[PDB]
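> Read off the chains here:
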Amino acid sequence: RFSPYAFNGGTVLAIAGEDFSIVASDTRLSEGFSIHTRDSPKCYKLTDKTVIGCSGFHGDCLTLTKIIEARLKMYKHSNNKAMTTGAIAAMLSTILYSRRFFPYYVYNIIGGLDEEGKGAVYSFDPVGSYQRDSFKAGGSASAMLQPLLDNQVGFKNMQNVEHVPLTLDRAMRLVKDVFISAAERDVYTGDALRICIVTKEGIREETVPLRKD
Amino acid sequence: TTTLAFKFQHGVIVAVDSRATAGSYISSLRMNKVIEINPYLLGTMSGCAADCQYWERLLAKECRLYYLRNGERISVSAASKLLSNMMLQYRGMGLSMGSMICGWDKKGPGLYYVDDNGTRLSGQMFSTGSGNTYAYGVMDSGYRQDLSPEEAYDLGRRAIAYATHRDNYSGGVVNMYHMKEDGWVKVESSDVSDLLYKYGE
Amino acid sequence: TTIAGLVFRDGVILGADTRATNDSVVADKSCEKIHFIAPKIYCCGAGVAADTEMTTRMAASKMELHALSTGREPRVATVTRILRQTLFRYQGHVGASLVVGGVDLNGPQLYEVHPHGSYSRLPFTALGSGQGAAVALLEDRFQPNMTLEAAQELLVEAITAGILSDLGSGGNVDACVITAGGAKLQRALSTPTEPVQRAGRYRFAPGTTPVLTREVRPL
Amino acid sequence: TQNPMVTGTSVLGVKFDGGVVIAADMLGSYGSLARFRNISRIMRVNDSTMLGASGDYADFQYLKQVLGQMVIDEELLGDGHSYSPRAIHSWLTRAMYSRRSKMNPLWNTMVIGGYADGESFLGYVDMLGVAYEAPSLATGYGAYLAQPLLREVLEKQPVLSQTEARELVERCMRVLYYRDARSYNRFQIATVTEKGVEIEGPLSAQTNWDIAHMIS
Amino acid sequence: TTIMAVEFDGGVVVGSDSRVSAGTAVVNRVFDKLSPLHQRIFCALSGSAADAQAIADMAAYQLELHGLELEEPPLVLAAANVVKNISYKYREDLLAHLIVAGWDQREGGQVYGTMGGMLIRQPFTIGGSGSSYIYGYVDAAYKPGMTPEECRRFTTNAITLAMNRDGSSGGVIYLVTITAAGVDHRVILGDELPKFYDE
Amino acid sequence: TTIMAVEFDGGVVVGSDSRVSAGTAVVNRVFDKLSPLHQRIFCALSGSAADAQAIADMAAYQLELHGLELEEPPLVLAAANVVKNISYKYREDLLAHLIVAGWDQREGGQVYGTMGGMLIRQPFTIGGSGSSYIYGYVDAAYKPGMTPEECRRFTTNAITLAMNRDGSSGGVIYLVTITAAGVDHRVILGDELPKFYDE
Amino acid sequence: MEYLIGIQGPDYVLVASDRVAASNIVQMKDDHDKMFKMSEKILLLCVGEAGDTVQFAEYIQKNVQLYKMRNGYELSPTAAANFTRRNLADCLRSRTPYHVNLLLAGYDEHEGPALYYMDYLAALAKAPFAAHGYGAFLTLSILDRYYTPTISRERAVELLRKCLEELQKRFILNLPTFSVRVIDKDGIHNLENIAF
Amino acid sequence: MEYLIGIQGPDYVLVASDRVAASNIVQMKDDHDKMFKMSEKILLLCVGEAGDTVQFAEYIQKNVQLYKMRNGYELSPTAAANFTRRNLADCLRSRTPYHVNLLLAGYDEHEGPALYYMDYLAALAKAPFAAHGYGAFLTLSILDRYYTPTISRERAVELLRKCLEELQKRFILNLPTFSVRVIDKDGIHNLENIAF
Amino acid sequence: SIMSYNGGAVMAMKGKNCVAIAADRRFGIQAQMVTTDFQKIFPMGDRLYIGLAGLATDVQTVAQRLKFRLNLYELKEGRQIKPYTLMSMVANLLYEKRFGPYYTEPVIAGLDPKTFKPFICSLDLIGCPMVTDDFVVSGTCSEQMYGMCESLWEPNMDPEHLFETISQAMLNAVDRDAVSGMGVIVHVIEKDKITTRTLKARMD
Ligand SMILES: *[C@@](C)(CO)[C@](*)(O)[C@H](Cc1ccccc1)NC(=O)[C@H](Cc1ccc(OC)cc1)NC(=O)[C@H](C)NC(=O)CN1CCOCC1
Ligand SMILES: *[C@@](C)(CO)[C@](*)(O)[C@H](Cc1ccccc1)NC(=O)[C@H](Cc1ccc(OC)cc1)NC(=O)[C@H](C)NC(=O)CN1CCOCC1
Ligand SMILES: *[C@@](C)(CO)[C@](*)(O)[C@H](Cc1ccccc1)NC(=O)[C@H](Cc1ccc(OC)cc1)NC(=O)[C@H](C)NC(=O)CN1CCOCC1
Ligand SMILES: *[C@@](C)(CO)[C@](*)(O)[C@H](Cc1ccccc1)NC(=O)[C@H](Cc1ccc(OC)cc1)NC(=O)[C@H](C)NC(=O)CN1CCOCC1
Ligand SMILES: [Cl-]
Ligand SMILES: [Cl-]
Ligand SMILES: [Cl-]
Ligand SMILES: [Cl-]
Ligand SMILES: [Cl-]
Ligand SMILES: [Cl-]
Ligand SMILES: [Cl-]
Ligand SMILES: [Cl-]
Ligand SMILES: [Cl-]
Ligand SMILES: [Cl-]
Ligand SMILES: [Cl-]
Ligand SMILES: [Cl-]
Ligand SMILES: [K+]
Ligand SMILES: [K+]
Ligand SMILES: [K+]
Ligand SMILES: [K+]
Ligand SMILES: [K+]
Ligand SMILES: [K+]
Ligand SMILES: [K+]
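Chains as they are written, first to last, in the authors' numbering: chain Z, 1 to 213; chain Y, 1 to 201; chain H, 1 to 219; chain a, 1 to 216; chain N, 1 to 199; chain b, 1 to 199; chain X, 1 to 196; chain J, 1 to 196; chain I, 1 to 204.
Check the hints yourself; a few may be wrong.
Each computed DSS-like pair below joins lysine-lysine, with the alpha-carbon atoms no more than 30 Å apart [claimed, not checked]:
(1) 156/a <-> 66/Z
(2) 67/I <-> 62/J
(3) 118/Z <-> 186/Y
By construction, these hints were calculated from the structure, which means they are not laboratory data.
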């Protein structure tokens with residue numbers, strides 16, 4: 001027959017702090033046992049306050065990002081303001097569900113700030129079930145990224161650690177570390193790591209090289 | 001999921017787990033499975049996550065319109081019936097949703113179970129999810145109409161916690177509500193495994 | 001896997017990566033794929049890991065036993081025919097794609113043998129999921145009667161190409177040069193990727209893990 | 001299209017200093033059979049962007065006419081505006097995904113080469129809507145054979161002269177002919193530059209069959 | 001594959017393409033599909049590579065023993081018969097056609113087809129996937145009583161025309177000529193292939 | 001089917017076999033597969049009989065209207081384009097290749113292939129199930145600048161060779177020659193078919 | 001899997017339905033009612049697919065009610081049964097069909113007590129007695145054995161008792177409680193539920 | 001679909017099994033016994049495929065008996081359980097496998113009361129308490145709730161009562177009678193069958 | 001999946017003159033858990049252990065059949081088994097069932113008798129041996145365990161620190177797998193002693 005889907009890899013990670021949000025991904029686009037390109041970052045600026053990360057079928061991720069872009073403009077002409085992080089996350093849920101019977105093979109994670117300036121992260125499934133959380137990973141290597149974050153950020157399975165609040169510095173290294181680990185095991189993760197930091201000042205991008213095999 | 005709700009002399013209590021599973025993998029362990037529609041309506045969630053979220057929010061959307069139109073708030077019977085009808089429009093299309101509707105109208109305390117099939121029944125007790133059979137066992141062994149708020153909190157807590165011990169797909173925390181004459185009040189968000197150790201003396 | 005073979009003026013050279021995959025996760029980063037058969041006959045295995053392991057060990061076991069009984073330098077053509085008749089009997093269910101290379105009284109020889117039992121003799125070849133990358137490099141730069149060093153570099157480039165372009169390939173490029181004089185198994189000849197260094201320490205002070213039961217057995 | 005009839009194999013792309021060069025062989029296969037050994041799989045969209053296409057040829061000829069008319073329509077207005085290589089790439093991406101989403105795909109893989117504003121363009125388009133940009137491009141079996149070659153050279157030498165790109169392309173067509181059973185030894189080279197699009201006539205890559213005597 | 005054999009007075013001519021394929025990929029662009037069964041009996045290989053080669057070995061094995069037991073070079077008829085028997089006994093399990101051609105003292109130069117387990121002698125025979133595209137050519141271009149050189153051109157022309165049309169055929173043309181005097185093995189390279197209409 | 005068209009100076013030649021088949025049975029042993037689309041544009045039919053004929057009718061319909069609206073005999077390019085468009089619009093639902101050949105004042109004698117919905121002009125073109133068996137022959141037997149009589153022989157020879165080999169081809173050879181002066185329709189009967197190697 | 005049963009006498013109709021609301025392996029309800037009031041003297045007992053039964057039963061229920069409002073009088077048990085038959089039969093050769101097995105009991109002021117049996121295929125049959133569900137296989141013989149068309153209500157409840165006791169003894173499924181109601185000249189009378 | 005349950009105490013093992021012999025929709029028997037006597041202090045409770053259970057159970061039964069005759073002493077509850085585990089596991093990757101789910105209760109003079117649970121896949125696990133059949137899903141939680149390893153026989157029968165009452169109330173299938181037996185120092189004692 | 005039926009997690013780690021092996025304590029059938037104290041690590045000698053993840057029957061069967069062959073080895077040979085030899089013995093045992101394999105992926109962790117050297121390995125379900133200098137993982141949560149070990153493991157860990165690292169790696173990887181858990185058991189192997197611990201793992 002004919003399959004409307006392809007698997008292109010990519011893992012996306014988001015973490016929430018007091019006044020910052022982090023969205024990070026690998027730069028590898030692949031298909032089968034071949035790499036399409038080594039220069040495909042999954043982070044995308046939507047507003048100064050909100051950044052998206054899409055992974056899975058790149059055809060769906062591209063069209064979906066363009067839908068969101070158009071929908072962002074539609075909102076602002078109609079409402080006279082920018083669509084907030086929580087509003088974008090709510091809108092994304094509905095867009096994904098309108099395709100409940102022909103879904104976007106897509107893993108979306110939303111990172112930004114809420115109306116109080118506090119860090120916000122939204123994790124989605126291919127069909128639009130979502131919630132807010134402190135940290136979440138989506139994509140081919142999400143199961144590799146999750147447990148380490150559960151232990152270190154959530155302080156899970158530990159007895160007398162004093163429970164230190166999350167700092168930008170510490171989260172940055174944490175983001176770097178989990179991807180370094182995943183690139184060693186997941187064949188779909190590698191090349192380079194791009195981190196997008198959302199703060200009150202705006203969006204700053206940072207690049208750290210990864211395994212290229 | 002595991003989900004439970006029962007009514008007694010002092011209203012209705014509602015308890016759910018918080019685990020979200022994709023295949024054999026735990027995607028979320030802090031997943032909210034109760035939707036607070038109005039100050040005195042309550043909806044639980046079980047099955048396909050996105051199906052539950054969307055459709056019970058769509059019920060909530062309509063319970064909002066009803067109050068703004070009629071100016072008198074919506075009954076429990078009406079709400080659960082409206083959801084059943086939404087489910088019936090999408091027949092044999094693969095929606096997976098099991099929900100219980102809780103509230104207080106003039107008829108008193110209202111408890112309802114609604115299926116993705118369209119099934120809708122009123123009763124004193126219900127349990128949905130992969131761990132409903134375990135939740136039922138501990139519920140029935142230790143239920144009486146003459147429960148006190150503290151006894152009922154003990155039972156609903158116990159029922160989820162024990163279900164999550166046996167059910168591969170239940171875990172996280174117990175989230176419990178007490179439906180009182182003047183609306184629900186959220187009782188607790190207690191860790192499941194912490195309780196299981198407490199119950200083990 | 002990416003594996004490759006090359007004939008030059010003074011002998012043969014075999015190549016291999018060091019990656020093993022379970023599902024789509026890299027199980028081994030440093031597994032050995034160039035296998036010993038005789039002191040001067042070697043075999044590269046691609047496909048089902050355990051299958052390439054047992055077939056190659058079985059062949060080596062039969063080759064030592066053959067050399068013992070004849071008192072002669074094992075023949076690579078003997079290795080190739082033993083291998084293919086074994087694999088033909090299993091009708092391709094033993095997933096072993098092999099590149100066998102060595103030196104005989106009849107000079108340097110290179111064969112490839114597929115799981116179903118077909119064989120071909122040739123100056124250069126490549127097998128595995130990264131074979132496309134390797135043949136590309138070989139068809140591009142191969143010449144008859146190359147110098148060892150010119151032949152060693154091209155082979156490294158062929159395996160490197162496989163490693164970098166193929167998701168089922170990685171680690172170090174292993175080389176094995178076979179001359180009418182001897183065989184040098186240059187394990188980890190070239191190593192493209194490096195990330196062992198980091199700056200994240202995740203230690204736990206004795207007592208962070210909650211324990212319920214402790215038992216000590218004196219020895 | 002549910003089942004493609006007449007197909008074309010790998011299309012090549014790589015960008016040199018001051019332009020882009022595209023290669024594709026002049027073969028249209030009917031299954032394994034070489035049916036048409038002298039047909040063009042490349043077109044000049046306008047004077048800034050060019051296109052080589054893999055897969056179903058009827059779908060390529062259809063897309064060739066639709067794009068052909070779009071350029072004509074734009075030339076009629078004469079308002080000082082024309083489609084940039086990126087604009088053509090974006091349109092094509094939107095076209096393929098749209099057709100794919102209606103479960104009736106255009107069975108093509110595309111390479112779009114272009115030169116505009118002193119910058120070279122090279123874009124990939126899939127039949128599922130997969131789109132990206134890369135310094136070198138190879139579709140079908142090219143992605144497994146030619147693409148490794150290009151990357152290994154571009155790693156050692158990122159900037160190439162037009163001559164260097166040409167000889168690299170001819171080298172890749174040599175590999176493709178040797179290794180692809182769905183290929184042929186008649187091919188074209190297309191080039192974008194400051195001067196525009198130039199498609200060159202029937203070319204053959206030099207082959208050597210001396211290894212045919214190295215089996216004894 | 002494309003394989004072919006032609007009969008002349010003094011002996012036979014056997015030709016083949018040099019390609020092996022797996023799916024759309026070619027894994028060997030220079031493979032000789034002309035395997036000796038005895039000193040003046042060759043066979044042309046087509047179909048499953050492993051299945052073909054296995055038949056070639058067992059055929060060459062039995063003909064060596066049979067040759068020694070009769071203390072005489074095996075008859076081409078005998079050769080064809082043994083290949084035909086293995087092909088028939090495992091017609092469901094072995095998937096390959098083998099053309100057997102050669103020369104003996106009793107009956108001169110002979111050409112045999114064994115596809116599927118049947119046996120037929122022909123003035124000339126073609127086989128393989130590329131044979132489909134040259135059925136018309138061989139019927140039109142054939143003359144009885146061709147000289148060794150003419151037979152050599154006839155096979156070369158027919159295989160060239162098949163390889164260009166067939167995607168599963170490619171590489172060079174391997175030719176062997178078998179006579180009383182011996183075997184002449186020659187290779188026709190890319191520059192040396194006869195030109196026809198190519199558009 | 002076997003169908004064929006050849007271009008010459010003054011115009012074109014179009015040939016076909018005369019068989020229609022259902023499974024292993026032939027239901028019509030004398031069918032003319034050369035349908036006129038206009039006065040000097042013909043088309044050669046292959047594939048599904050019902051699908052082919054339906055395309056032939058709609059093509060002839062539109063070309064009649066198009067011809068009247070331009071008050072001029074339709075261009076062969078135009079003819080090929082309309083057949084190509086119907087073939088493309090229903091490539092999954094209509095299963096037939098149609099060769100369109102003819103003559104016009106603008107561009108002389110022309111031959112077009114439309115298989116699957118593509119469009120290509122060729123010096124000559126073959127089609128149908130029997131085309132497989134004559135790819136080698138046409139590549140070898142073709143010369144550029146053939147006279148009307150030579151083109152007539154070329155198509156006859158190629159179709160004869162295909163019909164004998166192909167089980168789905170049989171009957172007689174229908175030939176039409178289209179020039180400026182008009183259309184010459186002739187039939188080549190069983191006794192009149194060119195002889196080749198038949199064993 | 002549920003159970004319905006009807007026994008028609010000379011001047012009355014006795015009907016009974018089980019009270020289980022089952023899902024997979026659990027009994028969700030002990031006291032579920034499978035009877036629907038269509039008129040003062042018409043009951044519709046429905047059984048089958050989980051979501052389809054209540055939706056279909058209520059649709060018919062609401063239209064019989066609509067008829068009453070629009071005309072000032074109720075449908076005859078026959079007209080009702082034939083209406084519900086039409087609605088099911090029309091959905092049969094459609095994209096969504098209703099898998100419902102039903103039993104209509106009623107009392108007409110002219111014709112008298114009536115009992116109608118209906119397939120999920122929408123074949124309608126009038127019967128002196130009938131039963132739905134797998135239990136019918138075990139009870140129809142008991143009914144065949146002791147039924148006379150002149151059976152009294154006292155004897156009919158006793159006959160139903162004999163049938164329901166068989167479901168406890170031989171039937172694999174657990175159906176401990178049943179709804180029992182009688183239709184006659186005076187209408188529908190709720191009767192002591194039979195528990196085991 | 002059948003039910004087995006075992007409760008192991010400090011010095012005794014309580015076992016119970018349902019008494020239904022079901023075929024399609026009918027209960028053929030009210031008083032069928034699913035317990036097998038292997039030794040004076042070993043019971044094997046079997047459940048699953050209709051023909052396979054008794055054949056397999058008796059084969060093991062006859063071999064434990066053979067061991068007793070050949071050696072003058074009986075197998076330990078562990079050795080027995082491990083023997084039956086071997087026999088099932090060896091038929092797993094064969095042309096005919098046994099789809100049997102079993103529970104071995106026994107008393108060892110050294111180790112004490114023992115309760116073994118076994119899959120149809122032949123995975124063996126020692127448990128303080130276990131249950132087989134769909135009923136387990138509804139009863140394992142009750143067992144988890146009230147079980148202490150120091151439970152008395154009086155309290156254990158009461159705990160079994162609580163579990164069996166749940167099967168009447170919530171379980172869709174009709175299982176009204178159960179076999180109840182206790183194994184200890186003195187052997188196997190037949191106890192009052194629990195009827196509902 | 002066939003391995004998915006029973007679940008389970010087995011992990012091994014290396015340290016300074018020591019090795020650690022860990023497994024979950026769950027025995028469960030798809031939907032439900034049956035036992036909380038199920039055994040997956042089995043001692044093949046003093047200072048040499050095998051952990052088995054996969055189908056519970058084949059976990060038990062392989063352990064019993066390896067013991068059969070091990071005891072015969074230790075009786076026929078005059079010695080206790082070297083770690084490399086056990087690996088090869090498990091490799092042969094599993095590969096013998098090439099076309100009808102045991103559904104378990106074993107982990108071997110121990111110290112070489114006589115020589116002191118730490119040895120860890122994991123294997124296929126058809127007997128492919130993997131030897132590493134750091135860690136090996138097997139089970140339904142391989143990806144989760146890989147993520148932890150890669151981030152947590154250090155080259156020269158003392159027994160005290162090694163136990164904490166292998167624990168934390170097991171605890172948190174199990175908490176993301178729905179078919180693994182109900183407690184974690186850790187064996188720390190030294191020359192002087194063996195330390196066995198059950199952790200306070202999540203019971204959900
Ligand atoms: C317990 C955990 C058992 O699943 C609960 O039922 C829980 C329900 C719930 C409700 C609201 C919020 C959170 C959790 N269910 C799930 O976790 C659910 C399991 C499920 C999967 C598929 C189903 O349809 C056949 C039915 C149930 N998990 C999900 O919904 C996940 C997040 N969704 C997906 O995996 C999306 N798929 C669908 C197709 O596209 C690929 C991925
Ligand atoms: C490269 C890495 C794959 O792209 C090589 O072919 C490599 C060969 C090798 C590896 C180690 C030692 C010598 C040679 N192959 C593997 O890495 C191989 C992957 C594979 C899995 C399944 C296959 O389909 C049948 C074929 C190849 N590795 C393995 O076999 C791993 C260790 N085991 C499994 O994946 C489990 N298999 C066992 C066979 O049955 C299917 C599941
Ligand atoms: C031409 C080139 C096209 O096949 C010839 O027939 C050639 C003949 C030949 C004979 C002896 C030695 C070398 C070459 N045949 C092949 O190249 C052959 C094609 C073939 C594959 C599968 C078949 O089905 C049983 C029949 C024919 N190629 C191969 O056998 C290659 C080496 N390997 C594979 O394709 C592996 N196959 C095995 C069967 O299942 C599909 C994968
Ligand atoms: C040669 C003779 C062999 O096919 C030609 O292709 C010939 C061309 C032709 C065109 C116009 C008028 C007459 C002849 N085609 C046929 O002879 C044709 C064979 C064919 C059938 C089905 C096909 O796929 C859909 C393709 C080709 N014969 C017929 O159509 C006959 C009259 N009818 C049937 O085959 C009945 N079929 C219809 C399709 O489903 C199965 C039963
Ligand atoms: Cl900070
Ligand atoms: Cl061997
Ligand atoms: Cl063209
Ligand atoms: Cl394509
Ligand atoms: Cl569009
Ligand atoms: Cl890009
Ligand atoms: Cl012939
Ligand atoms: Cl006729
Ligand atoms: Cl059709
Ligand atoms: Cl009405
Ligand atoms: Cl019907
Ligand atoms: Cl054994
Ligand atoms: K679909
Ligand atoms: K998910
Ligand atoms: K929503
Ligand atoms: K080419
Ligand atoms: K014929
Ligand atoms: K029907
Ligand atoms: K055993």
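> None of the hints should be skipped; say for each whether it holds.
Each hint, compared with the structure:
1. 156/a <-> 66/Z: Roughly 36 Å between the alpha carbons, so the hint for residue 156/a and residue 66/Z is violated.
2. 67/I <-> 62/J: The hint holds at about 28 Å.
3. 118/Z <-> 186/Y: 25 Å, holds
The structure fails to meet hint 1 from the earlier list, while all remaining hints are met.
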